[PDB]
Each structure stands twice: as C-alpha cells, then as structure tokens.
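Chemist: Given next are the chains, with one letter for each unit.
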Amino acid sequence: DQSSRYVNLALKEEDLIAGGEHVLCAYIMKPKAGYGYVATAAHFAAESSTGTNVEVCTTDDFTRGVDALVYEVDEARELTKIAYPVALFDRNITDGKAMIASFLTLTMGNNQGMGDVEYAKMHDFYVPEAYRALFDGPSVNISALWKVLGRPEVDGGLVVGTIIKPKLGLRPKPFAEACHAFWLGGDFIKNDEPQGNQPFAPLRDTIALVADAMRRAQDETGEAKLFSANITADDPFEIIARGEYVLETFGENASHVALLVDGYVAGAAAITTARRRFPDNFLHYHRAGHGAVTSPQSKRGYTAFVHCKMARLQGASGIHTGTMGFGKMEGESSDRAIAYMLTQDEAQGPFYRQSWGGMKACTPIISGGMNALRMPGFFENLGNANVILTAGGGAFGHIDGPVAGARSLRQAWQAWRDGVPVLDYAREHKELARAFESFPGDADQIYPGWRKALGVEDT
Amino acid sequence: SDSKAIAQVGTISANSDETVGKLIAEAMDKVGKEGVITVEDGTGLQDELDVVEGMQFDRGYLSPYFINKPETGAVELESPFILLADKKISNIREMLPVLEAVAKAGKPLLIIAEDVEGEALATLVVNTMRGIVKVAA
Amino acid sequence: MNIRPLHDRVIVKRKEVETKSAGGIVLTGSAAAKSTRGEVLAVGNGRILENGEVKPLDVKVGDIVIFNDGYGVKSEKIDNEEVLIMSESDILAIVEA
Amino acid sequence: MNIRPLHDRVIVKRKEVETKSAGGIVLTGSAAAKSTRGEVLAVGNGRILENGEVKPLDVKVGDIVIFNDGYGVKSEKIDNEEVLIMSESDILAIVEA
Amino acid sequence: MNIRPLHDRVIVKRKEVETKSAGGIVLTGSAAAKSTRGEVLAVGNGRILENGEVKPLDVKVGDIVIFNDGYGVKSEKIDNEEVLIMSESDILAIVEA
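As you go down the protein sequences, you meet chains Z, E, T, U and O in turn. So that you can map any letter, position 200 of the first sequence is 201 in PDB author numbering, and since no number is skipped, the others follow by simple counting. So that you can map any letter, position 61 of the second sequence is 199 in PDB author numbering, and since no number is skipped, the others follow by simple counting. So that you can map any letter, position 17 of the third sequence is 17 in PDB author numbering, and since no number is skipped, the others follow by simple counting. So that you can map any letter, position 15 of the fourth sequence is 15 in PDB author numbering, and since no number is skipped, the others follow by simple counting. So that you can map any letter, position 87 of the fifth sequence is 87 in PDB author numbering, and since no number is skipped, the others follow by simple counting.
No wet-lab data here; the hints were simulated from the structure. All residues carry an ideal CB built from backbone N, CA and C; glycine is no exception. Treat the hints with care, since some could be wrong.
What the hints assert, rightly or not - List of simulated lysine-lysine pairs, DSBU-like, C-alpha gap at most 35 Å:
(1) Z:431 / O:13
(2) O:55 / U:20
(3) U:55 / U:74
(4) Z:166 / T:55
Said to hold, decoys possible - Computed Cβ-Cβ distance ranges for the label pairs, DEER-style:
(5) T:49 / O:56: 27 to 35 Å
(6) O:13 / U:29: 23 to 31 Å
(7) U:36 / Z:359: 49 to 57 Å
(8) E:264 / Z:220: 14 to 22 Å
(9) O:46 / E:264: 43 to 51 Å
(10) U:79 / E:170: 53 to 61 Å
(11) T:34 / U:29: 30 to 38 Å
(12) Z:116 / E:264: 29 to 37 Å
(13) O:79 / Z:454: 45 to 53 Å
(14) E:225 / T:17: 49 to 57 Å
(15) Z:329 / T:50: 24 to 32 Å
(16) O:16 / Z:359: 49 to 57 Å
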C-alpha cells in the first residue's frame with residue numbers, strides 16, 4: 002500500500018538498466034475508474050515488493066529498503082514501469098540464484114491481489130546485466146536437451162513433442178503406448194494438466210509405464226526421447242516426490258526427464274521447488290487456467306512475452322508460450338518474438354533491450370502446432386528452431402498421426418538449418434516425405450514443388 | 139509334531155486361548171508343511187480361517203462383458219487353453235492365427251498378458267459376446 | 001442421373017469395407033481399413049494426349065478393379081450413394097474371372 | 001484369382017525373408033532386414049507413352065528379379081497371400097538360373 | 001551368379017577404400033572417405049526413351065570409372081561380395097589408359 006516514497010520517477014532507467022541497480026518491469030497497467038493512476042502504479046509497486054499494508058514497523062516504525070519503485074509512469078498510455086531492488090529476489094541455496102517465487106509473488110501473484118489495479122500486464126522487463134547470471138536461471142534448457150539428444154549445443158533446434166492423442170481419459174499404459182507410438186515418432190511429451198495423481202491416470206504408474214514406453218521407443222528408433230511428468234501438486238513435497246520419482250524411474254535416462262509444472266495453478270513456489278532439486282532436469286512450465294491472465298480474454302498477469310521471458314527467469318527449461326505463429330502484432334508478445342527472446346541471448350523486447358549472458362537460454366513450448374512444413378517457415382522467420390513442440394492434430398494430423406510426422410518436423414528444421422529447407426530432408430527422411438504428403442494444407446506452397454522430387458506415385 | 143501338542147504351544151503363546159490353538163492347529167494341517175499362513179483384521183466378533191487351494195493371484199477380468207455367470211458376477215471357463223504372452227497385446231494381427239486355432243479347437247481361452255489394449259479387448263468382447271469364441275483376458 | 005466423365009476420368013464404387021469375416025472366422029472389429037477394390041461405373045471418351053486421335057481407355061463399365069485409393073482420388077455424392085473419381089492411372093489392376 | 005496388370009504394371013511375390021543362415025552357419029535373429037528379390041507373377045501388355053506402339057515389357061512370368069523396394073511399390077492381398085505391384089522401372093535386374 | 005542390368009542400369013564394384021598411404025607415406029586413419037572409383041561388372045541393353053532405337057550405353061564391361069557415390073547409387077549383396085548399381089549418369093568419367 003501507500004504511494005509516498007513509492008513514486009520515484011527520478012530514478013534513471015540508465016543506471017537501473019545498464020547500472021543494474023534494479024530489476025525493471027514494464028506494465029501495461031490500468032486502474033479501476035476514479036483511482037489516481039500514478040498512485041495506483043506506485044501502489045502497485047508496493048504490492049510488487051514490500052507490501053507495506055496499513056502499517057510497517059520494526060519495533061520503531063518505518064521500513065524503506067525493500068521497496069520496488071515506479072520510475073516511468075504515464076496514465077493515458079496505460080504504462081507502468083516498476084524498478085525492483087535486487088534484494089527482493091532472495092538467492093536460492095542450491096546455486097545462489099534468486100528464488101523466482103518472489104518475482105511472481107511481486108509481479109503477477111500476491112501483488113495482483115491489489116484490487117484497484119484492474120490489470121497490470123507486464124509487456125517486458127529487464128534484469129541486471131551481472132546479477133542476471135544469478136537469477137534462478139535454466140541450468141538445463143533446450144541447449145542441454147540438445148546435448149542429451151546428441152545434437153550440437155548451438156542451434157540443436159526443434160525438440161519435437163506432443164500433447165498425447167486423445168488427451169484426457171487415456172489410461173496410463175494406453176497413454177504410455179500413445180507415448181511409445183509418438184516416440185516411434187518424435188522426441189518429447191508432457192503429461193496433461195489434469196494427469197497428475199488424479200485417478201484416471203496417476204503420475205507414478207503412468208510415469209513408470211511412460212518411461213518404459215520411452216526406452217522401448219528409443220530402442221526401436223535409435224534416438225533419445227524425453228517425457229515431462231506432471232509434478233504439479235497442492236503439496237510442494239508431493240511435487241518433489243513426483244520429481245524424484247520420475248528421475249529415479251527414468252534412472253539411466255534420468256537426464257531425459259522433464260518436469261511439467263502447471264505453474265499458474267501450481268504457483269511460482271512449485272516452479273521454484275521444481276527448479277531446486279532438479280537443476281539437471283527440464284522444468285516444463287505449463288499454463289493451466291491461463292485464460293485468467295495471458296489469453297486475450299484477460300489483461301491481467303503476464304503477457305505471453307513476459308510469461309515465457311520470466312520462464313527464463315524461472316529456470317523453467319521451457320514454457321507453453323501460446324501458439325508459435327502469433328497474430329496481429331510482433332515484439333508485443335508474439336511467440337515468434339518470444340522464441341527470439343528465449344533462445345537468442347541478445348534481443349529487444351517491447352520496452353527493454355536485454356542480453357542473457359551466464360543465465361542461459363529458455364525454451365518456447367508450442368501448443369496447437371504448425372504442420373511439419375509451416376514450421377520451417379516459422380524457423381525462417383525465427384532464424385532458429387530452438388523450441389519444443391507440444392501439440393496435437395495440428396502438427397500430428399500426419400498419415401501416421403503423432404508418430405512419423407513427429408520425426409518429420411524435427412528433420413524439417415535440420416534441412417532449414419542446412420539452408421536447404423525441408424525439401425531435402427523429405428528426400429532424405431521418409432517421415433518428411435510422408436509429411437509433405439500429410440500436410441498439403443501448407444506443404445505445396447510454403448516450400449514449393451515437392452511432388453515431383455519427393456516420393457513416387459501420389460507422393 | 140502331533141496336532142495336540144502343537145495346539146498347546148499355540149494356546150500358551152496366545153496367553154491361554156484354546157480357540158487360536160485349535161485354529162492354528164487346523165491351519166497348519168490344511169496348508170501343509172510348505173504352506174503359508176497370515177493374519178489380518180476381521181469384521182465379525184468371531185475369528186475365521188480362509189484356506190485357498192491351488193494358485194490364486196489378485197487380478198480380475200479386464201471387462202465386465204467377460205462375465206458369463208452374471209448370477210454370480212464371475213467368469214468361469216472349463217478345459218480352457220491358456221496363452222501366456224509376456225507382452226502387450228495391441229493388434230488382433232497378433233491374435234488372428236491363435237484365435238483361429240483356438241476357434242478351430244472350439245475350447246475357451248484365457249489370456250494372461252502384460253496388457254490387452256482397447257482394439258484387441260473390443261474385438262474379444264464382440265467375439266465373446268456373439269459367441270464365436272469364449273475368451274477371458 | 002447418369003454422368004459422363006470428361007475423358008481420362010473413371011467413376012467407380014468401392015466394394016464392401018472391413019469384411020466381418022477375417023480369416024473366414026473372426027468377426028473383426030473396425031481397423032480403419034478401406035478396400036482398394038471397386039466397380040467401374042463410367043469411363044471417359046479416351047485419352048486426348050499427343051495430338052493423336054483420342055484412343056479409348058482399356059477398362060469398361062462393369063469391370064471390377066484394384067485401384068490406388070490415394071489422396072488424388074476424389075469422391076462424390078450422387079443419388080445419395082458414394083462414388084469415386086480417378087484417372088485411369090489410379091487403377092492398379094482388373095479383377096478377372 | 002489371376003490378375004492382368006493394365007499396362008506397365010508388374011506383379012511379383014517376394015522371396016523368403018531373414019534367411020536363418022548368415023555366413024551359412026549362424027541362425028540370425030530378426031534385424032528388420034527384408035529381401036529385395038521376388039518372382040514375377042504377371043506382366044502388363046506394354047508401354048503406352050510417346051504415341052508409339054505399346055511395346056512389351058522385357059520381364060516375363062516366372063522371372064526372378066531384383067527390384068527397388070521403394071515407396072512406388074504397393075502391396076496387396078490375394079488368395080490370402082501377399083503380393084507386390086510395381087512399375088517396370090522398380091525392377092532393377094533379372095536373376096537367371 | 002551373373003546378372004543383367006535392365007537398360008540404363010550399370011553394375012560396378014568400388015575400388016579400395018581409405019588407401020593407407022596418405023601422400024604415399026602417412027597411414028590415414030578412418031576419415032569417412034569412399035572411393036569414387038569402381039569397376040563396371042555389367043551394363044544394360046541401352047536407353048529406351050524418345051522412341052528411337054535402343055542405342056547402347058557408352059561404358060563396357062571391364063571399364064574403370066569415376067562415379068558419383070551419392071544419393072543415386074543403390075547397393076545389393078551378390079556372391080557375398082557387395083556391388084553397386086547406378087545410372088550411367090552416376091558415372092562421371094572413364095579413367096582411360
């Protein structure tokens with residue numbers, strides 16, 4: 002609460018950014034009607050730090066060091082830019098890197114319990130150039146997934162994954178078999194957001210059965226694959242139990258494990274917990290209930306830009322970003338722009354220009370899904386592919402469904418990275434021949450005349 | 139070694155209850171020297187002894203439609219063949235020659251397998267319901 | 001209504017699908033199988049190519065044939081029946097005898 | 001059933017698979033290997049292209065051949081046997097003796 | 001066995017691989033190199049295109065040739081030796097004399 006001292010527009014963005022004095026968050030914030038905007042933005046900064054509610058004391062009144070401050074505010078453009086003391090984000094004991102539970106607590110969570118903020122969508126932020134290397138940070142990410150997959154640590158591109166067909170009600174071993182089938186296809190999978198310990202398919206049997214399915218699928222394909230276990234729980238120690246179990250369950254492939262956290266329903270405590278004991282494993286942020294915040298049905302909480310840019314901060318090795326081809330506008334929360342922001346360590350956001358030395362990359366995770374042929378178009382717009390797919394029939398309406406199409410759209414990048422695009426690897430890889438054959442909805446126009454060079458009779 | 143002497147050491151260790159002495163002396167006889175005895179909480183006021191003979195294990199029918207004795211709520215097959223698949227069953231492709239051969243023999247079949255997926259299970263359900271082959275999985 | 005395929009087109013109907021007598025015995029469930037076999041319903045005037053005279057296609061109405069049921073094969077609703085439209089090349093073989 | 005391929009088409013059946021005598025001695029397990037060799041069952045009347053006369057195909061029934069087992073080759077069920085159907089261009093060479 | 005490649009096809013065997021005398025002296029390790037040079041074992045009857053007469057292929061048995069050891073060549077097992085099959089267009093030149 003309070004606006005006094007919390008208005009500090011005299012703070013220079015240069016020393017805050019380049020001097021690294023503060024974490025700097027740009028909010029598109031609108032108050033409720035009749036509230037003073039600058040007071041609301043400053044009052045929102047108090048919720049974004051110390052709280053300071055009714056009264057603060059230390060046996061002798063006052064408290065004045067913890068405050069995150071507004072440093073640019075402008076009512077008519079709905080802009081609220083808040084600068085956060087680096088002391089707000091207390092260092093995790095596992096690595097000395099700041100607990101992202103604080104950051105969410107101070108941006109899109111307990112601080113959003115402020116009611117006279119109608120919404121405060123953060124469109125961008127900055128994190129101090131040096132101390133950034135001591136943000137929670139994704140000690141595993143796409144780059145380490147590349148390493149366990151045997152890809153080069155630079156531009157190992159698309160780690161292909163799916164939302165298992167037909168989504169809910171698929172029992173653990175049919176689900177594991179759908180994972181096996183998919184892993185006769187591609188590379189990566191998650192549990193669904195209800196597929197925790199919920200009785201239709203609990204985690205332990207599913208992850209045991211899914212892990213077997215992964216080893217079977219690996220043995221039957223000669224290439225490594227990955228699963229994201231839904232560790233999301235109401236008890237952080239049950240989350241740890243799910244995380245430990247999946248690592249112990251995959252065992253010789255424990256480094257293959259991903260940790261699906263439905264971070265919005267799980268909270269950043271669950272995210273921070275799933276990053277803690279599991280630094281050598283892929284924290285998969287997922288977006289249960291996100292219609293309350295990121296979707297256009299709401300203006301509150303995160304934009305998809307900061308949603309995933311903070312997934313970098315989270316040490317969420319990846320995050321459900323939305324859909325890879327993003328409409329209307331770019332830079333402003335485009336998944337394509339996010340894929341830069343997460344996978345290239347030098348990028349411009351809609352309010353801040355930032356580097357990402359020392360803290361490492363983050364992985365965009367794609368729902369809905371481009372076909373295997375449109376994705377080299379996204380790759381050509383992204384100039385890389387360093388993302389994860391996690392989609393259904395949009396990418397996996399292949400003639401082999403989730404299977405061969407999921408190999409195909411990995412190799413679709415590899416051809417793009419060779420500067421040949423996907424045409425060449427569809428000549429090389431049968432799954433991509435079947436993918437041009439499966440996706441004429443884009444295939445016959447996004448990458449020209451495959452039909453004569455690719456395949457034989459009727460492709 | 140005699141039943142009476144064992145019933146005493148039972149009674150004494152039970153703190154002087156003849157009922158357990160008799161009960162344990164009975165159990166030791168019926169299960170044989172290699173048999174195994176266990177104890178668990180009952181429900182009625184009386185103690186009770188359940189003896190299981192042959193082989194038993196804690197797995198049921200994979201579908202209710204296999205119930206061929208709905209008055210009992212149970213499955214029974216007589217003179218069945220037994221197929222032991224150390225695998226998933228996923229496709230009837232896998233089953234066709236076996237089911238034909240069992241269909242050739244006309245005897246019912248029990249399937250004990252790692253799992254029987256919906257496609258195979260549904261196909262067995264149709265063929266068992268329509269009486270082409272008696273099958274349980 | 002009769003229909004005239006306008007050269008190289010052939011009109012057919014598929015035989016029965018998922019024949020319920022696999023191996024002659026087991027009443028198979030659905031497996032998304034589709035028969036590659038059909039009956040020739042209409043045949044085009046011939047082949048227009050090479051500026052030669054329009055030579056006829058070798059199949060005739062009432063032929064039973066094996067055809068590649070690929071995406072290039074279209075299908076249409078006529079008299080509420082389903083029918084299939086294809087080139088001669090899409091037919092693989094004739095079911096003789 | 002006998003079948004007549006409708007020009008340029010050729011039909012074969014595959015030889016034995018995963019012959020259990022690697023080096024003539026060791027009984028191989030499965031390695032997902034498949035034989036590229038088969039016996040010619042029927043041959044089309046000839047080649048229709050270029051306005052020329054329908055010249056015959058060079059293989060004949062009872063030939064044993066090496067073929068490119070690529071996506072152009074389709075497969076079909078006849079007499080409950082499997083059979084394979086291909087262009088002449090998918091046959092690579094003829095195996096004598 | 002003898003084999004006749006069926007028009008435009010040519011059969012070759014590769015020359016020796018990874019000659020152990022780099023600069024004639026240094027024994028190269030395995031360096032993924034494969035000889036573009038092989039000896040022609042059999043040559044097809046000719047080329048059938050364009051309705052001309054079947055002119056023969058320009059290579060003959062016992063020619064030693066540089067070939068594109070690329071995606072076009074295919075390979076088969078015969079008399080337990082390996083051999084390669086390619087179009088004439090795979091062969092880039094005859095190293096003569």
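Chemist: Hint by hint, which ones does this structure get wrong, listed from lowest number up?
Modeler: 2, 4, 8, 9, 12, 13, 14 and 15
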